[PDB]
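J.: Residues per chain, in single letters:
There are 4 protein chains.
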Amino acid sequence: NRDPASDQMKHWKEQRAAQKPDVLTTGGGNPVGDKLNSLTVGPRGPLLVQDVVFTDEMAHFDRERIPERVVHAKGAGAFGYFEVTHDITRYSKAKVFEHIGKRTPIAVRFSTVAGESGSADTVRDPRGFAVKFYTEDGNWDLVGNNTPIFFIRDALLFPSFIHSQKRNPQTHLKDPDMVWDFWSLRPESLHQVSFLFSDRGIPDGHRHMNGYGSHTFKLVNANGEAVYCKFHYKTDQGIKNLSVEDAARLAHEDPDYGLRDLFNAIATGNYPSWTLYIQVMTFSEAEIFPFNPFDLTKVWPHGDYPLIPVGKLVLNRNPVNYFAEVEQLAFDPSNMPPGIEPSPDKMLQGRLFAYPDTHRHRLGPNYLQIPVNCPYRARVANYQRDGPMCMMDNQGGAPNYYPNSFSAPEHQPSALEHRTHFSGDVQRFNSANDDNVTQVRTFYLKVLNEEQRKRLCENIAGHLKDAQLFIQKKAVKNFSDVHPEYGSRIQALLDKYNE
Amino acid sequence: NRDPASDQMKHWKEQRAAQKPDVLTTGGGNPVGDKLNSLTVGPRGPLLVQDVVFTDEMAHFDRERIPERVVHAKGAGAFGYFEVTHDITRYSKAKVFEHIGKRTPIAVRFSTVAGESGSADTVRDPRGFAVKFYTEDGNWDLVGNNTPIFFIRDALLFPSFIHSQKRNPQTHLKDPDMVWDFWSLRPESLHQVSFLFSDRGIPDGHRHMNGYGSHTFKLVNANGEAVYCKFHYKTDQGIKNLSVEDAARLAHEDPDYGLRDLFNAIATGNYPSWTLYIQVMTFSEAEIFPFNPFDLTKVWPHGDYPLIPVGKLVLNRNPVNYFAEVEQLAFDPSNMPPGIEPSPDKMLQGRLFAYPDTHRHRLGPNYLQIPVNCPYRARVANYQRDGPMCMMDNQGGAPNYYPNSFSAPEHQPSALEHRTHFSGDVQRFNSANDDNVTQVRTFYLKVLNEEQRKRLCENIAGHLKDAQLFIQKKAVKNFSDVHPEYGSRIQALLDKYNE
Amino acid sequence: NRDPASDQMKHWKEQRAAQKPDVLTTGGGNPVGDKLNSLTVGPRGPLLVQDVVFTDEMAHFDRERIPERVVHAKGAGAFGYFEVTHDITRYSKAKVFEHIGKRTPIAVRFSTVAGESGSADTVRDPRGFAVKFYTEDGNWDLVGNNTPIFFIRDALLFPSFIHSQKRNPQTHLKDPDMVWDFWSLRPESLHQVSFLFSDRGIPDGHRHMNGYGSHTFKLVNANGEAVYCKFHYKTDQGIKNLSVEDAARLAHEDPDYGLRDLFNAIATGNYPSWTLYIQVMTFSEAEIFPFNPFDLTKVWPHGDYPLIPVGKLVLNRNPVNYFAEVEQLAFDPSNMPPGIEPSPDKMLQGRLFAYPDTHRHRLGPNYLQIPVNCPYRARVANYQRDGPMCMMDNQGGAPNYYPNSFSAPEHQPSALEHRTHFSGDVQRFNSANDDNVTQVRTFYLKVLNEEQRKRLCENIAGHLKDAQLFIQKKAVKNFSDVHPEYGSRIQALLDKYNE
Amino acid sequence: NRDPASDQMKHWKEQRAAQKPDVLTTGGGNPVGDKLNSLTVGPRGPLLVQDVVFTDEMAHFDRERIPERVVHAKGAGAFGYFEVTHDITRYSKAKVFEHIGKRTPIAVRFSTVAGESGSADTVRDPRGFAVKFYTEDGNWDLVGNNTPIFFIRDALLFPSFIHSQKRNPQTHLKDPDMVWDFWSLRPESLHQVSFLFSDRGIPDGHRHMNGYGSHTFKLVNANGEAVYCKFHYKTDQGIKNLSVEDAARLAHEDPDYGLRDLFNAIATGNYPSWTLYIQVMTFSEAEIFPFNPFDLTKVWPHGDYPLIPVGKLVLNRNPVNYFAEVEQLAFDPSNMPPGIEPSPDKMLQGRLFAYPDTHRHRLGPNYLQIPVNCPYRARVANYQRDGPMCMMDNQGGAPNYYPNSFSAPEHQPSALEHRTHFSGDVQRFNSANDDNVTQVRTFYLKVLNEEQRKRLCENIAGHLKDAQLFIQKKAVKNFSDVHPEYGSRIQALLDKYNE
Ligand code: HEM
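Chains as they are written, first to last, in the authors' numbering: chain D, 3 to 501; chain B, 3 to 501; chain C, 3 to 501; chain A, 3 to 501.
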């Protein structure tokens, strides 16, 4: 006997032994007489187009694939529910927080960042942790990572960052000179790079890491009052990491380690769960906050802004078909129910457009009619019509223009957005010299003990050594600008690695 | 009060007069507060990206259109059923003919040929008359015209012919030179060209015209015995045409005459219906048939092959949304249940490839998952997975390879194709010189009377006069080769038209 | 002989009389021995798959069509040049205005609005007049109409307006109820609706109508100083209109009237040309302007802001292939070179996104690499890579991230935008009741004469009569709000039209 | 200093040191002023829509990815030439074999089979060895692997096989039950499974393995006489294979080993080259050949059919951009010039459709106008027009129909195909029971020595142990059918692996 994942077909058969197999048909439902031998004129003769059974099957095989995600391509998927445990209605009027005990079906997709579809799971990289809440007020997508921060704070640099993390445009190889020349030219990446090369850069699966909204969001209560918040959902299974040596063995031993881990866990009853906290920051506090409260390279410290518990995320169901239920998942940070709203964070502002845009390209214009993406607990009604692969009644004969004297849908005034005042020159403001070291200094000195610092500089050195010397010198200087010992320890290891 | 097509919204409001209007939501189901005014900074300021309400609607609007059909773009639709009235089980085992009284749902599309999505309905052209049967043995698509014959009898000429009948590649205008230079260089079009320019080239709507499969098809019964057959579905409302004078007036007074006529008839309960007939030709009749019995430019004379009734087609239901239920309709001649098989007709052999092919482009690789395209009265079980816009569970976690020892769907031996013997060189045989006149001489002399021959010639000269003299001179010869007086009458009207 | 357009093929043969015809190949360049007969086993045998000559040609015929434009689908195109005749460098620094006598290649496409690809040209509708300037500083797409104004002044109402102006979602018929219920619930359309139903609603071909940018734009000279502007290009051939009687006749006699008139004009040397003008409004004039200077239902009166001539637009070349050079043309209002910037107009702000978005859907992600869409007079260099249908070297092995220490493209500081100060609440401001009648009153009384007011009301009642009485009464009220005689005349005509 | 592949950007800067960096522009050619900061209202404000620089770039980033090859996704590319070195003009009239010394540009792509884009290169799997010849007679694609044979012999089993070799539809994991349940149930895979699991299952990169056409192909000379032939292109660098121990180390130390090995060789002048041979079988020898001479699981022994040299394949140029020149490479076995034709091989017959079909989806309808896919050594002329992303004149105003009296391209009679006589019932012949053991017994006994047989069984046991017992017992039987000692050795090791 083996693990549950290996016995998938065995159990699909046992769960069916009481029936007769189905008739094998064509896309059009036409039963097939023989689907092992093609229609030819004579045993050793050529093929006939009269063999549509072949053309119907081959033509579909030729179109099985779709474009993989531009980032976070390698992913795992599961399904569960979110249950409310405390009361934060004073901050948010979102239906998903209405009363204690409220359950909401969720869908979750873990993922790496840079690897393509076939890459390994146990590698140094951030981890995606997108969560989709199916509320009565529409879908709420919390597209979070395993880290509360990122490498940059402007969306215009994001394509550049991804291009620097992926393959060379001529050799198609992972290029160290592309990784560090970018990081060393943008020191604001110092904070997230220190997280990434720590022990938590390679989690022991998806069940032993936290998730974070990272972005500052906005919560609105029933009175129309607003506060800024962060989202933290911590693992109830405890932080656990893989060492460089073990993570490298599993890289070729089991490229799908975290995929097999998640599936076998839920199958054997071990339902992983996460505890959803929030930090809150009033509008007044945001004005005096030392750093920019909407800078994605900054955290709200815990001592000044403690964690407030909200509810639990539980995963208790596997997918039945991976492609239909995981590959075709689409999380839009633009999907936000009343009571939740975005902050002026430049990074989140770009994500408001990027995700719906790429989905219409990767999946299709009407990707929201795919089952797992549908807001199936909300009544979708508007004046949108047509588009490729329209799957419902297309809202039937309802008037397709607004306004109209024929009682088509109506706007709901209570769903208006919070009104905030802004004044200033419409202009591209230079955010490259916002504090790039302070919070990193605290992490290096006060969060990491001595052993962890030691492993931090060995992981960085082990990867930075491949770059050219002038890139090493620039990166080390940026590490010196955090702590003189931080840099000089990296430099020491580099002096050795350079023979 | 007006016709019921104009009172569509008025009736939609009335059927909703009780309940309240719905909550207008984004595609993600999030209710919108205000969708008549955009999110700006000040009353006269710029637009924000935060306005995801604007983005979500505009983006879908930007993606409303799909590629129209490469032919038969202007279309009218309706739905209904097919009821068997006579027993033809001795020729065919297709479940759709199982017993008298059995009903099978149908979906029909009426169309022109050459015009685009905005062309008038009352123009001189063939009429599409495609019928989709939803049988338990899958969908059966009888994709026929309002003519038993076509202009050509080899598929390789089809892209050419259609190019000739559409717009010049430079001027993007209807070019008579392109029209007649092809018809005159390929006199096989004589037969269908004679049909086209007579009185039935412009039918008074879609309810006053016949429908034919034109192709020779093969029927197979329960013993395995096979015969060839034609399909005729004759209008029970009576052949009724439009004059050239009335057709031109309606071309600008009501570009959507046929579309409106159909809708109003069904709405007021005046349901149109047709009577399906078949001709039967034994295998030994096909060897002695004076012409090529699979020639698409030929018919089977009624005297030697009478009409055998089968059942009734009845259209009693209008579309609720035109785009979802008619524009996305996909007919594949290769959708054939056991009991109905293709003949060696060179044209039909090509249509087995082109319709599923063009549909993967127009609609999508998984277009058979669109509700109106689905075979929703059969069980579609097979080893095809994935593809963009997968809309069911994608067959779950069923084994996806064949053969397997895990009890996935099996092949049904009874559904094997009837077996014919062929012998001959594999080469490109020349069919340009099959009798191109005989069956036209019969139509011109024995079917048409004095007045109908006169109008036939006038309609030809009224359009052939715009072609160069060398193209006219050749076309006239082909008409003289049918019957001398045929070319003389045409040439006598061209001598005048050329001043 | 005939007109030049009809003789398109005759002239293509003559221009090649000296050469031998080319060898006919597959798409892969493989010569074809025969393409009139299909590969079959024996003269009356089935078609083979070996016949790759058929599949290669048929597969591309099955994929010839693309989605038509979601608006302005029916169109006509030509090419030429823009020449500067007057100095306006004090206002703008755009290299297209640098010095008198400078020429810039242009590509123009005229169009209607609602009709699909097959509709007629001579119908009552606005007329598109897009102009693509190929500047050294990139393309400049002036996507104007044949009117200075529009029906709405907020982009969120644009999908709705279009839906109303197109076909009912159930009947697929032009619906007067949808037209006037919208126009009557949004009386800001009074201005443009009065333009549409006057004599200039149906121009005589595309050469006898003006072109306007419509939107307020911004110009920026070298010193950083900025003003607001309007772009008026007036026909050098004179305003000329078709009567309702003659527009209906041509609608069926020559649906492609405009298309044929443009081609024949250019082919006979009679090149149409326009005179580009601008208005100018200082930032201070904007602050006191009685109306909202960025309202798209408003014009800047001539007496207060007189026309300033700039240059000449001349169309002196016909497209060689229509699809490649006209159907695939893509104008992006967002394509603006330094010196030309957008105003805060709510509608223009929505057009900066809409056009590239839909062009990626209609043509493809890399649509800008199509020859006619390329900025083939600028050197495109940046960090964008890959995509479907990549056609060049993809900028080679250039560093694909930014910033970088390997001398890849750099930013040009002089090309920064003009900086404006805005202040106000971020909310959805209601503009529905901006003055809706004033400049319509002036138009009805001062601009039209007695005869023209008579025809304006006859055209309005002739089409409004088909709508429901409650919609009639509402629209007449809106017309009464412009001038009591305006609505009283329309009502007197509706009384008769209602028997 | 490092290897050439990692110094790619270093060399790109050096080859440009003389000139100054280009001006960074939008896609429309517009210079940007600042692309590191986004346009906002105040330094901590929201993002604007008129930031068309951000949207322009992001929208293209959102559309970087296309569907990966449904099989052979992981690949590496290089370019060179083919040079004739022996005269085989008595067999084939193909222009690529015209005379000794004739050179023809080529394009090659190496690949694995099952892994996705991100998988490792040094894994047990067949290898793709595709070659594209740019001949005057169009393009000739010899889409070959590194094996003369394949697992199956009927294309109706191909999508199945690939499904089993890839990921389970639910867990998305490699499934040893799917692998061997397919292989055990189809014993025709014995010949190739033995090849797969021998030392040549893992080659030391792409420069040390052979290439084969596998299929039987037809050659036709200038007189019209035909013969059947095989293509072998052996490596001039010598066969070299990785051990299971090292292959696994390199799977996590350098996932891209094969790609790096290729690029470094070319860049350093050590150009790899292959020697093309052919085997020849007359039509008479094909009637008496022991097995089916078109059975893809069968080779032609060298004693009865010796290799006949032809020429050399040389790779001397790396790609400049991987995506444009390798990811967009499309090989169609149907691309065959006069002198080379397909045989009745049931597997090749399916490919004649599958590759053009999938390319029109993966890349698009006009994928042949992509540079690297263009037959740029030939002159494409035909009556195919339009399509998404039409990139040249679209053949201008040339007549788009055929036949035509306007001197458009003509057919070349000499390019007609060879004519072969076929006779027999048109039906689906059962090929499951063609000799599945005779040629494998020769390989096991006579080709391999004592050591290799030992490692062959071990390699098989290591992977077969993971499958269920009832699949092991059946697989072992198929190996006992080849040789008792073959099945014995495997069973003895499976007895140990099952504890
Ligand atoms: C402006 C900055 C960013 C841009 C433009 C961007 C863009 C994208 C795009 C286009 C995708 C592909 C989505 C799909 O194909 O369905 C994606 C995936 C993803 N991104 Fe980002 N990203 C940004 C930053 C971030 C941030 C800040 C986070 C977390 C806080 C994040 C987490 C993720 C995750 C988890 C996924 C995978 C979602 C899934 O499972 O489908 N990204 N991103």
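Some clues are possibly wrong.
As the list claims (entries may be wrong) - Derived pair list, reagent style BS3-like, types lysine-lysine, alpha-carbon separation capped at 27 Å:
id, chain 1, residue 1, chain 2, residue 2
1, D, 448, D, 176
2, B, 476, C, 15
3, A, 97, D, 479
4, C, 15, B, 12
5, C, 22, A, 12
6, D, 467, A, 97
7, C, 22, B, 15
8, D, 498, A, 97
As the list claims (entries may be wrong) - Some chain A residues flagged as far from chain C (calculated, every beta-carbon gap over 10 Å):
id, residue
9, 65
10, 104
11, 187
12, 243
13, 301
14, 382
15, 394
16, 444
17, 448
18, 487
Calculated from the structure, these hints are not laboratory results.
Beta carbons are placed, not taken as given, at the ideal position from N, Cα and C, and that holds for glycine.
J.: All hints, please: hold or fail.
T.: Cross-check of the supplied hints:
The hinted pair formed by residue 448 (chain D) and residue 176 (chain D) fails the criterion: a straight-line CA distance of about 33 Å is larger than 27 Å. At most 27 Å may separate the alpha-carbon atoms for a hinted pair to count; residue 476 (chain B) and residue 15 (chain C) meet this at roughly 18 Å. Among the hinted pairs, residue 97 (chain A) with residue 479 (chain D) is inconsistent with the structure: their alpha-carbon atoms are about 62 Å apart, more than 27 Å. A distance of roughly 58 Å separates the Cα atoms of residue 15 (chain C) and residue 12 (chain B); the hinted pair therefore is violated under the 27 Å criterion.
Proximity of residue 22 (chain C) to residue 12 (chain A) is assessed by CA-CA distance (about 51 Å); at most 27 Å being required, the pair is judged violated. Note on residue 467 (chain D) and residue 97 (chain A): the hinted pairing is violated, with a Cα-Cα distance of about 52 Å set against a maximum of 27 Å. Restraint check for residue 22 (chain C) and residue 15 (chain B): the C-alpha separation of about 67 Å exceeds 27 Å, so the hint is violated. The straight-line distance between the Cα atoms of residue 498 (chain D) and residue 97 (chain A) is roughly 59 Å, outside the 27 Å bound, and the hint therefore fails.
Listed as outside the interface, residue 65 (chain A) is inconsistent with that label: its C-beta sits roughly 4 Å from the nearest C-beta of chain C, within the 10 Å cut-off. At roughly 17 Å, the least C-beta separation between residue 104 (chain A) and chain C is larger than 10 Å, which holds for a residue marked as non-interface. The beta carbon of residue 187 (chain A) is kept farther than 10 Å from every beta carbon of chain C, the shortest such distance being approximately 27 Å. The beta carbon of residue 243 (chain A) is kept farther than 10 Å from every beta carbon of chain C, the shortest such distance being approximately 32 Å.
Every Cβ of chain C is farther than 10 Å from the Cβ of residue 301 (chain A); the closest lies at roughly 23 Å, confirming the non-interface assignment. Once the 10 Å rule is applied to beta carbons, residue 382 (chain A) is inconsistent with being away from chain C; the minimum gap is 6 Å. Against the 10 Å criterion, residue 394 (chain A) falls within the reach of chain C, whose nearest CB is about 7 Å from its own CB. Every beta carbon of chain C lies more than 10 Å from that of residue 444 (chain A), the smallest distance being close to 32 Å; the non-interface claim holds.
For residue 448 (chain A), the requirement that its beta carbon stay farther than 10 Å from each beta carbon of chain C is met, with the minimum near 36 Å. Every CB of chain C lies more than 10 Å from the CB of residue 487 (chain A), the least distance being 42 Å, so the non-interface label holds.
Hint compliance for this structure: hints 1, 3, 4, 5, 6, 7, 8, 9, 14, 15 are not met, and every other hint is.
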